[PDB]
Amino acid sequence: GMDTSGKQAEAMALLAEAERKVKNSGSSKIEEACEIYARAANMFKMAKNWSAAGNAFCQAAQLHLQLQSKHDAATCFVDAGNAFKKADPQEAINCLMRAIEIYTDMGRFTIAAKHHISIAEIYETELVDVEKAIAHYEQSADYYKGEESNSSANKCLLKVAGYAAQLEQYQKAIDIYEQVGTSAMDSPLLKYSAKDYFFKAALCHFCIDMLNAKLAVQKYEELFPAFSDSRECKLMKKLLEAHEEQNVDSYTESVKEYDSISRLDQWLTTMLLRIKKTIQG
Amino acid sequence: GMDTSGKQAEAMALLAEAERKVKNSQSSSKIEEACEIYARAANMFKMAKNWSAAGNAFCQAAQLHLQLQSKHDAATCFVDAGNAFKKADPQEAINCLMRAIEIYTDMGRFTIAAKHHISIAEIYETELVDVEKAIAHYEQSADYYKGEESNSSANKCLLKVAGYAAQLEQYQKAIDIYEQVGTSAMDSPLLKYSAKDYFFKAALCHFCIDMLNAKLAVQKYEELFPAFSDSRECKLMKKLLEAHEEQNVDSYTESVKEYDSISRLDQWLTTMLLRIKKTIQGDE
Amino acid sequence: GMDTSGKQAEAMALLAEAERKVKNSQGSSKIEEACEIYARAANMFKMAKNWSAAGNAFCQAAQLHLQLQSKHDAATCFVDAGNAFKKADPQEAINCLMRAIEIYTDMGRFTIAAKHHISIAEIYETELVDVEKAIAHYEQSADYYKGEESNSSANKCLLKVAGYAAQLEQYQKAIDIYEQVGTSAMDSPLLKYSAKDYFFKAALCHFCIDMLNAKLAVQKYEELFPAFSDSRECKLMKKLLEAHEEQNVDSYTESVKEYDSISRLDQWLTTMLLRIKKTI
Amino acid sequence: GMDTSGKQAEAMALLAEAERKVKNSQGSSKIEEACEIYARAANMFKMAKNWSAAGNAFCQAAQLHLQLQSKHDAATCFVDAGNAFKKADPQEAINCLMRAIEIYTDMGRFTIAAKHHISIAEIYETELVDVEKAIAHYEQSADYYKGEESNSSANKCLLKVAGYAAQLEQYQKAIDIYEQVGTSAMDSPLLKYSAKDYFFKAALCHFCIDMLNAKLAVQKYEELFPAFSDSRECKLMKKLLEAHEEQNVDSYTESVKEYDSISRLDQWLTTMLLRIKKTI
Amino acid sequence: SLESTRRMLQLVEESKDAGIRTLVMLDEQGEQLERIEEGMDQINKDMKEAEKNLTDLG
Amino acid sequence: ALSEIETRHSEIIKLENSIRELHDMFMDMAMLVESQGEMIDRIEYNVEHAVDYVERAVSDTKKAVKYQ
Amino acid sequence: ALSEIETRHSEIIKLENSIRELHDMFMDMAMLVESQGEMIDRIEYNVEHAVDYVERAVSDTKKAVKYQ
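Chains O, L, M, N, I, J and H supply the protein sequences, listed in that same order.
Read in order, the letters of the first sequence correspond to residues 0 to 24, 34 to 289 in the authors' numbering.
Read in order, the letters of the second sequence correspond to residues 0 to 26, 35 to 291 in the authors' numbering.
Read in order, the letters of the third sequence correspond to residues 0 to 25, 34 to 287 in the authors' numbering.
Read in order, the letters of the fourth sequence correspond to residues 0 to 25, 34 to 287 in the authors' numbering.
Numbering-wise (the authors' numbering), the fifth sequence opens with residue 25 and increments by one.
Numbering-wise (the authors' numbering), the sixth sequence opens with residue 191 and increments by one.
Numbering-wise (the authors' numbering), the seventh sequence opens with residue 191 and increments by one.
This is chain O alone, in the form it adopts within the complex:
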């Protein structure tokens, strides 16, 4: 309605008012300045500007920090990070890290874990750094596990294991998958899904050598019997039997037959290609 021009003019007027009020510096002046900064940041967000709003939020956070107030600074910093989510990833990451540092001082673990998860999301969605994302996810998983939140401490472990497997660190991925499957099999609700984890673990063992995959499949079958009567285990046995005699035709035929009934995602096809190119030779 009023267009961004009027909102920008009002926000600049408020910013100038706050700057002049802080210039002649005392509690009332600084409180008015921070309130005006918050109002200007809100108007900037309304005006669709995503850079000035973040700067105003950061200024308000700093003003709160200098005064004896902590959680207000954390709220301002997280708001600034949210505003910077579309402006500059580095500033948002820095603001979120400062918010995490402030939060963890008082023992609020869940908020710090959520902020770390958001930071890992930023690091993995746009930036191509997977080591930092893995570290942040591990930190979040540890934070959640420290509060007996096993249900919420498993997704991060699965993501970390998947990325480690994508990074050739198969031992860590196998350990995480086996631990998750062992924890899940006990729960009757999550028992149905546990099969998948074991299957994935088998693949991770096959990426190393055939005998390791055979022994691991036998161990899983003895430990958990239903895994022996599943389609994935049938495919595993067929592949193990076929590869021994260097017959790529059977391998590809079985892969296509499995794909026909149910499609495979990028991870599964990538692992199958790696196994075929590495061991089938």
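FYI, nobody ran anything at the bench for these hints, they're computed from the structure.
Do not take every clue at face value.
Once the Cα atoms are required to be at most 20 Å apart in a straight line, the calculated PhoX-like pairs of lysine-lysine come out as [what the hints assert, rightly or not]: (1) N:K140 <-> N:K167; (2) H:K252 <-> J:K252; (3) H:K252 <-> I:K76.
For chain O, the structure is supplied; the task is to place chains L, M, N, I, J and H on it using the hints.
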């Protein structure tokens, strides 16, 4: 008791007493009691089935709070008056809702403003049947929700506004919205399966502008998303395109009738299919 | 160890000493301390499994608190007393729940009033084997919920009201409510699939009133809701109409048994079907 | 090291400062500051994954709050200390949890008592490998939940207790619990489906006693509601009874294996069938 | 063809069990929701009374 | 001969029964989920009002005691 | 053969695929719903803490101010 006459008389007497009390005071301390008695009168009117009187009392309380240095209570009275007037006076309810939305957006809170915008659009669509204002309010609510990092509500608002635009012959807007939502569902593990549906809709929209564009969009969706190939929707679209190419309206009609026989279709699907049917019939 | 001897002894000692304290008052701190001790004694008695004494203590505390200007505390104590009294004697629970409903409605909120009305109706149905007062309470709760645009709870209450009215042979209200609910649910993305069922129920009521009325209602419903023309209920009702139009009872029974074989019939449906069969 | 060494040093310094403050005081502000720094040191210890020290600090803070006229903070510190002690020594965690339960139930709050009892019972079962104390704790939690009219939690606790009791050769308690649960669940329109399973379990508990009791129980259950007459489980029960009557173990084994093939069996059901086959 | 029907039977049985578990757990969920809804009203009423008292005293 | 015919005739009705039971369960699920969603919306509204009033009251009392 | 075998095979395959899709849907349902359940369980404790704290604070402050 449940007698309506007694409750109505009591509420009217209480409102008259409050009015004379506020008039006497006008001749800060007593304004609070005036607001409380006005709220009590509004509640009694609401329980007396006189929605108009309750809404008027709520509006008077909102004004009496506005003249005082208080905003949240005034906005609460505004929403109460609007809800009361929803049944009787749609326009007064809309005015109260928009004033309250302005109040919230001035304070800073956004999500409640989005909910009230959606409510305004709903009343506009269901009573005043004004498509354009509902579309604008849905767009504003979707923008607010997206600005708050809320995607599901924004996605639903985008779907509704795109459907309304398609109903209004604006095919490009609907096409782009459907493509965006389809991609968003495409990059999710849960909604992935439903991702096909949106794409199908887009295809139909393309058939409304040209059939060659329909083929190009279908091929683009196929290459982008292989799973869309096996879905019955892709086969139906290909068969319809072939029938349109050969101008054999009979084959198109038979295929559409069979597809209706296997499963029913909503009003949108049938109307778009009829538009395509008349477009092709013009060719033959 | 959770022996009730010590709990009961402590509770009665507290009650006696609080009665002594309150009695001496022939400034207002005495009433507050008496109410606090009453609440503690009531809680102790509740821990002792004796519900009558706990409810009596709750009611006495509620009355003492209501003696002062504070009133919402009295409502809370009264609802607690009703919850305690739900075991032994429901009449006192009903009385105190009604008083709490009155106070809450006076305050201004109505959702809690609707919940308490639902509780009272449930108590009536379960214990007092009464349906008329339960019907009235359900209607009041439905009206209260609809006043706040709470469609789901109001619809459920109206469903119960229509069912009970049908049980009492009041067909008009049942058909009206069923038609209203079916029409409302027809326009939903989730509830749409259930819109058929309600219609069928309404259709059955028509069969009680007359035959041609039921046929015309079926035609109207099918025209309004074309997808209703493929559901099993429509086919069953068509077959029953065909059998009932020529004084055929054998085919009626065979169709009823065939439909019941796939799905077991409930008491309501089987009773209505028996009535229709007995008609002719 | 890195963070661990610094956190440990800071926690030790905070503990030393608290000791100095408490020895200096032996006014209220001193103890309040001491307890605040105790809590901060406990959190700092939790940072470094040293649960024993954090639990000790939390227990000391709880004691400091207790010596002052405060209870809620003491209970919070007790539960935090118990949660911290859940790792190293379950006994200290159990002590803290029982203290917290006593404090909470003193004020009259019963909802958190059930959760604390459930946690205590889970610790007992998983770590100490004991079922009697777990049974008692679950019974107490079920009674507390049912006191507030929460049916689902009480039903779950009673189901667990009945399963454990039937595992411990006790049949009458298990049969009573299964009967009550099935009868309650049958009425509700939502949980109508599952009642049969409970009935089946009850039947098994009756068969471990004697064949005639199992036959009479099956007849009673079938009479109660025809839905349980579904062949899926009734046919298996009748086949097992017929095999037992005629002293044919081969037929019993064949029937059990055929049932297992289509649908798998659990450890509880497997052991029950093994016992029934052994007694034959 | 018979093996096909066996597979469908097994799959539908598994799906039914999953649905049963979801229904029961959601019943518990709804009970918890009702409890929190009951609590918040007392929260709000007590807070409003306290705020009014504090404002009046000043 | 008739063995396979009876087997085929006996392996179809059970699927229908199971599917109908699943249908009923899913429908009840949908209705109760809608009800729970409405309840949660009311929950959120109440929480928002409470937190806003908390901020207002704390600010007012703090300024009043500061000014005395 | 003719319509016989083609119908048999096609319907069986389509039903199997649909059933597998339903199985996956139900698994995801269960996982997310368990997450929601633990989230609400987390809400409950802080709700209780807040109510107890506010009750005690209001009572104590009212008594202290009235006595002074």
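Results for each hint:
no.: 1; hint: N:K140 <-> N:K167; verdict: holds (13 Å)
no.: 2; hint: H:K252 <-> J:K252; verdict: holds (16 Å)
no.: 3; hint: H:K252 <-> I:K76; verdict: holds (12 Å)
The earlier numbered hints are all upheld by this structure, with none contradicted.
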